[PDB]
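One chain comes next, on its own, written as structure tokens: the form solved without the RNA.
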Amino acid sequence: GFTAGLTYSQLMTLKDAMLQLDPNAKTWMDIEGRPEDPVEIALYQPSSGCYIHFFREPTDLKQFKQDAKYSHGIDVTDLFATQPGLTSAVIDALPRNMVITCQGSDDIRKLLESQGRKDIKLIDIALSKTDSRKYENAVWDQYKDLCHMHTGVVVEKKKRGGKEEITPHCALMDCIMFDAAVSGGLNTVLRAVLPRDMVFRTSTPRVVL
């Protein structure tokens, strides 16, 4: 009967921040990592420009390393300071019966189900791969400063020929670029809902004991 990980004052700061969301606005959600073990989560409301964006340390390092190599390029060492319990706390605070839009609803559905949020309705936009990435370059160009976490070289698995590096997948850039694909364009200021010191715990020196 408590929210694990966060103290009450942190939780209230989070709940107040989540009230910045318009409960009825189009809201995209995207994750990196499998829904059972997500490492990056984003929600985005293009109307206001509000976005939720945070990270989580993986339970399964082996699968994480595969995903880093072939999908997201996140270095696990940059996840050590993430706030335990944050994913559950954020999802708990989403408005009841909210409608969320996503590209491929299977993984979002599983994540929300695991949090007991079957009340949330999902719209699967079902863009083709090519259509979904139309604005990929434009989105990184404009918004790269919003996520510096994709540091690793990401590759395409190939049977022959040379190495092929690809642009890493970011949950936040995904939301923005999928919305742009649906809207037929990418307008030129977004606003973070969560405080930086909530997403990452400040690290300090220690003597190892």
The other form holds:
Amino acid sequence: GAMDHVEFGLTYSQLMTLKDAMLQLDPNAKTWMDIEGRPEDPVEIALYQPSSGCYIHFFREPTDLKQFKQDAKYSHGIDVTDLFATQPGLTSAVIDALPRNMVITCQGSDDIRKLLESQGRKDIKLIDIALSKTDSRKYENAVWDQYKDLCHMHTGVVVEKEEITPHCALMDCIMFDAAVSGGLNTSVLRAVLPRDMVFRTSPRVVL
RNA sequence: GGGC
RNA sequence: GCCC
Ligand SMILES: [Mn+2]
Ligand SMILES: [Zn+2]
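Show the other one: the form deposited with the RNA bound, since we just had the form solved without the RNA.
In what comes next, the whole complex appears, and the chain from above leads the way.
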């Protein structure tokens, strides 16, 4: 609305906690970013630094629910009911807190660039690895094998017709890095954001 | 050819 | 199916 004037989706307390958590990100380490959903209506966001194993991973409820269902069928297969408990404002807050002039690597930078441009972050530099589907997803199976427990959102059947493994923003980052590095390391990853920041947590009585 |  |  024209009479609605809200600066942040998050409280100062939570913005301060986000600021501190994001000190785990190295401003100069290789950093992957991927999203599921349209750049103007993202539903899953991931950033990944292989050098430390740190990742940022969170979700967002879509506005265009009709487009979402169509995108789910052909790409991400995310159940929309699973996106209810998400934190609003988190996409903007994370992006706003990214280091100035950060270099982010991605596969098909067009959508990532639009999202970042829409958040006023034209200072961020983007490296596009511009691989084929085949080359970019060489380690798809090995990544899912090792890290499936890190995302449970992709339960829908995704079609290409032929059925395919759903696209996860987090698994994508990890497998794209594996492709470029020419191998997948066995290593335990670390979530940068606290769980209660990403999802609504826990009532002992209804009403 | 990419992306969802 | 929609986007570049
Ligand atoms: Mn992508
Ligand atoms: Zn996922």
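Residues that one form lacks are left out of the comparison. Numbering follows the first chain given and starts at 1. Superpose the two forms; the largest set of C-alphas matching within 1.5 Å is the rigid core.
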Just the runs, please: which groups of three or more residues in a row shift their CA by 2 Å or more between these two forms on the core? 205-209
